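Heads up, the chain below is alone and in the form deposited in one PDB entry; it's given as structure tokens.
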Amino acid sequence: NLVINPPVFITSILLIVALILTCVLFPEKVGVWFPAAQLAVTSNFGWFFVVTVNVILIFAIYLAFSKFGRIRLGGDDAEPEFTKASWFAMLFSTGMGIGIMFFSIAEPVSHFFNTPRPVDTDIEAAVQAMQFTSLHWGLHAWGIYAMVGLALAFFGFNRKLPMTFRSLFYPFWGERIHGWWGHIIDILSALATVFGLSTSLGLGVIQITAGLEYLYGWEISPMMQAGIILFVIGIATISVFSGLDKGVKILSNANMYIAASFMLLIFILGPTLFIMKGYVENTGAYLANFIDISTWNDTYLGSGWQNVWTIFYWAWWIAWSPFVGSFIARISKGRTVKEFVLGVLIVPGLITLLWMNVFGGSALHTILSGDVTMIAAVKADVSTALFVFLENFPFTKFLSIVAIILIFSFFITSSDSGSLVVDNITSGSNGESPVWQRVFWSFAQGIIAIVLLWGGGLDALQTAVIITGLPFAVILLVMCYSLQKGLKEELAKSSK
């Protein structure tokens, strides 16, 4: 069929097509325009990104510990479909850990040899690297995700509105969200979702290509990368055509089991005691200097370090929100607002910090021992780092194959989930859309990832996600205030 939203489907399709045509028809003009635009946006609005993420996290904490914390999503009589532990495990499944696998070793090592701030000795460099990795992957990312998921769940369960970003502004837009005011927000949400998913797909493909090159010595041309992307998208859409939700839903739990086994293997075969001590000490130091690193803007040095690491991560989380928050809201019916915020903030953040310690802190322990091949490997390219890390463990080939397969399956699950989210947002059917729409959205994500990889690689992904996450940072602030207003309305309506 053609179950679409005419103002959203059309606008998103021609915007994506126009960007693709600009990228391909202008091979060299875009290669200089994109870095300039990304640099301008980062330099002029890093303070705004920092303020946005801090305000969103503070708002989530305040909502958890206020009179709104007793509000139960889906109604007062609504009952959770899962237990607390299973819900926590499921919450540490919407994180889409392709970036986790890409950065777990690369980011701490890069911060070690390219320090955010000047340090005296290597010990302080390692501590700072762990602190900034914790900042980038800790409370702020999951706070943004918790806020967006809470808004979506409250407006799709308590208010019965469709779980689309246009409805999230109902409290002070009234019925005005039906044309060129909720349409623009819907278009921006679809674009930000598509570009965050394309960034993740490109990261996964880059890491898979690097792993194949490192293991089997192959020469993976960009045409081979495009063929890989097309093959994976096709094999993911085959499940959508025939056999929906299987074996894709079970893949989401198989991925978590495999990732837990991988992390446990690295924890046991690595410096286990060092990993535990470093986990405790690094979490304590991250919480101790939380306000210092969260509000840091590199004002006086002006090194431009945040333009690639911190501002990029904030923009990535903000642009990824309409997807991670959507899947967080889908599985969270019957939870109270306080319990929801706590269970999205603490446990997923703690597990992310544990993974970051087990991998990056072990890498830094290896580096501090005098083994600096990993620093050179990261400097040469950021993609191979994990595999170089696995060179320091038994069963290096088996571990690398397992990691590549894990990245492959994460890519499949993220592609399917993002196609579902983008189709639901754009069409507005919320489940009544045909299969071909989801297949086309998967194709669009794959094509955008291919085009970005050809026209810059990782830099193109960073540029796209930052550019599409700035206006969505504004939208997220407005959405946070709208969610507060809606929670006030619900509290006033109840407690008669």
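C-alpha atoms forming the largest set that superposes within 1.5 Å between two forms make up the rigid core. Numbering follows the first chain given and starts at 1. What changes on going to the form deposited in another entry:
Among the candidates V378, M90, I293, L399, displacement between these two forms reaches 2 angstroms at the C-alpha for one position only, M90 (superposition on the rigid core). In a rigid-core overlay of the protein, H178 has its C-alpha displaced by under 2 Å between these two forms.
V248 shows a C-alpha shift of 2 Å or greater between these two forms [criterion: core-superposed Cα displacement of 2 Å].
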The other form holds:
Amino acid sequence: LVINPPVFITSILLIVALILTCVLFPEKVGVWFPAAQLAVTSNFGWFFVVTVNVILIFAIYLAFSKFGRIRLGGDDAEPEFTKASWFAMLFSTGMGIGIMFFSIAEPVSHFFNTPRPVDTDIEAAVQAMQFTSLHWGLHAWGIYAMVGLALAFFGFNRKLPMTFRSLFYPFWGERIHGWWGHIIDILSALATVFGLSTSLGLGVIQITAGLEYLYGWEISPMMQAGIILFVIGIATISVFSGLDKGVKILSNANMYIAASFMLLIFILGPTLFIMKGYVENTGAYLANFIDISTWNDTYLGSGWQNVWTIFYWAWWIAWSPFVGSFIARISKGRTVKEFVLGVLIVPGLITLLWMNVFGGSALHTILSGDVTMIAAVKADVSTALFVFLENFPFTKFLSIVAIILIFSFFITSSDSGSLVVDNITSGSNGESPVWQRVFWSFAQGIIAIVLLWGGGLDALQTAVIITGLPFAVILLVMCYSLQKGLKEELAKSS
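Return one more block: the form deposited in another entry, after the form deposited in one PDB entry shown previously.
One chain, no partners, no other molecules: that is all that follows.
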């Protein structure tokens, strides 16, 4: 039937409270949401920057010290997931629609609308690619590495349930069960659901922009919700039996077609410029790492960071329980240093390669003289990928491949996240029998539809920033508790 801690009922109550906030106040929520979002990010952007930087340098320290000799699941455990397939399986479920919606719109947006004042067009493009490298580089995956390492260590080496409530066992003891770890699990479930709803909204907005650009359709008002309902239905079918699609084979096939799409853009585009720009921009991002990682825009105060950088940090921090729990169930016998390296460096380098392959080619097209992408981004940032594919051979085929790639990207993460929310709100792995995951996928669809009806992109950014604000202190306490637990486990072993 139904199993419930009191983390269930008040989570549903908070979700429906935001629902009637966004449906009984239809015109009064379009001014409450961006004002509250702007106040939260303008007062805590320094805290988001400090949290992300502390998390990343803690990942580097935990990989490159004596704490990296620990192996998850004890010294007798085996990896069992065939590391080349493990990289693909962690990349497919843990990423999307980030490298499709924002692979081109973000470097062009940083080109024409610069973060800090710049002199020429070449230096503006260099700054745009280095800020894209900041937003999709080591800082994006250091949070993922910390949460996956903490959840894997405290779910394997300590025999606790793989839950954010049970992660603070060395910091707080067995009194986490008495309503004081319930708030942590409430914030974890809310952050996972709101991040998945933000990804859902970005995916459907890019899909309807591509459908309007390709065939000249008119799906603004209503069948967008039908696209949501169809996608959640096929995702729950993949959750349902008959075939276990969306766990192992669909992730590998999706990564294969994503690599084929990226290689096709790399070959058909300016490959020499792409390779030289990849080397140059990776080196310039590593050289100016501390300068752009801790940049807070305090002197100019232009507010560029509040829509891009702090939104990205709150977005990656709000997807942290879902991807951290997924790679924590995945990595059963990895060395801790090897785990942090394989979650940090290799997916970070692959994401930087995707950013270079798309954004550097777009900036080469812009610097050649073609400024149609600038006007397309200034119209709406959702058509940037398809406008980029317009000046390519096989435009319609590549646009259809991109639409199918987005479709697989946000049909994999919803399937991998429904079980994560079910494990958070049920307290077990096999339990419950499979009806609540369909309800949680439908809740993600309902929240995405409601947020997109009561506001554009800014409603999703608002929701993800507000649920990621207390996760800064949650992840800092998580990092300190992981350091204490690793000290305890290393002092335990001979």
